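Below you'll find only one chain, the form deposited in one PDB entry, shown as structure tokens.
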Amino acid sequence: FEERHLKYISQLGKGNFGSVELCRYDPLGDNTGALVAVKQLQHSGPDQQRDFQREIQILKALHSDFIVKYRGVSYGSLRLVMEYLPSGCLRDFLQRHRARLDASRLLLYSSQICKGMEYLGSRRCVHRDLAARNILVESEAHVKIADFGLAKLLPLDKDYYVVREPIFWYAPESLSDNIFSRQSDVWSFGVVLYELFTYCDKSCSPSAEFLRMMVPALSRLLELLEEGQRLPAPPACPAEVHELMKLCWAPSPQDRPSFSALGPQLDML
């Protein structure tokens, strides 16, 4: 993509180090292009540049109807071009349209994220940042997984990555030892199920609820969880959905289900 032809339209979100923009790719120069989401880093230390170059590679190598489709890059500051999903992130989506959405639909959105994550597993990829806010809505019927800004691939003959270089979605062994894995994303998925069936309600949000249950955070959370404390059953959440969450939140990652194992259970409800 030629920088000069990525004609700016509007800004969609603004982060700590980097922000995303809405653009139209009009190479013919006649206001008739294709609408893409473009991502840059503004003020960013070398640590954040190395990360952005992986995202571009990881995201490029993924081909799944439940992950944001990479389109290309620009100038190489390097800009990452992706498809535009105008319904915006699921967290804010479930809030707005809470009335119209029912359990059946939340199951559907679960199924799709499950399948999505599963695919990441097959690629030996750990999202490390899986939550309702990092889901996006294509349509009422379709959601895609997003922000691979903290995604890391597994070392070629290992099931886990110890990261040296967010908190309420982590697993104990990620809180305690900064160990990350497929099996840790299953934990995180347990949390997104909570988020889904609370319609991401701010009041009983994962953040609020763990704060209401308890000196710093990481260590107070790691202790709570180690002691067996988990997030509450959401108001009207069905029994099977609540059970799948508990299984997702198992202390030992080897005992947590796989997305391969999760999918069929969610789909048969």
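Here the rigid core means the biggest group of C-alpha atoms that line up within 1.5 Å when the two forms are laid on top of each other. Numbering follows the first chain given and starts at 1. What changes on going to the form deposited in another entry:
- For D30, the Cα coordinates differ by 2 angstroms or more between the two forms after the core has been superposed.
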Given for the second form:
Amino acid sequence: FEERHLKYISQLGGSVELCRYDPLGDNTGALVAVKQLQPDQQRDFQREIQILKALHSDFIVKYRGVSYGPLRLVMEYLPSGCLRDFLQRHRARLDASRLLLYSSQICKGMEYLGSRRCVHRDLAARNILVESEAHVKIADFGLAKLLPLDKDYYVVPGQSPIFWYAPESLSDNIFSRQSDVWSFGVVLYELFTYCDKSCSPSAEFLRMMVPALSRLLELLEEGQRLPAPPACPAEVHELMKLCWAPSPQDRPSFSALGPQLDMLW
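Take the protein just shown as the form deposited in one PDB entry and give its structure as the form deposited in another entry.
This part shows the chain on its own.
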């Protein structure tokens, strides 16, 4: 991908821009999403490329290549954008079976990420993209880490909204496949609230809630959790409660959650 053939359109999300790969220079070329650095950050970015280039799933945003000119990461562009805003815009159209379809695909994608020893560390509805009405894909691999063969966890202070963090990430910066399962429980809650602002993880935790991180942690240690979303099927709420188990070892695996989500449809 020659840099001189990548034409800027707008900003999407370091930053992600909407560009057109226009070799003919006639405004007929394909639309792409291009990520760039705006030191140690160069090492973080090279890592993101290698991780994403080695991922191959219908439920993970597709790597296209890298750019060359006088380096940028080139990926596929999904016009529908993030799942958070799509859920808010199409509230009346999506029913509990469509929400369970989205839930199942995310889970299948996470199953594949853990098979590749990859911890995402930023799983949330805002970071999932919509391919079509019936197809969702996991994105934003900016905080992704690879677990060594000898280790099952990773020790990192986080700069993401604190409401998606497992207690062991809050109290000790421990990140694992099991902290991704905690976050996933928050993704289900977000899905069944249709990413409504007034009952969002931030809104509802701040109402229930020394520093803020410590207050949230005290609350979670007490066994307090987010309430069942309005009109939530009980079976779904029981699954969120399983993902929010205090001990990482007691949380269901993505391969265990998969058939349970499919059975509900």
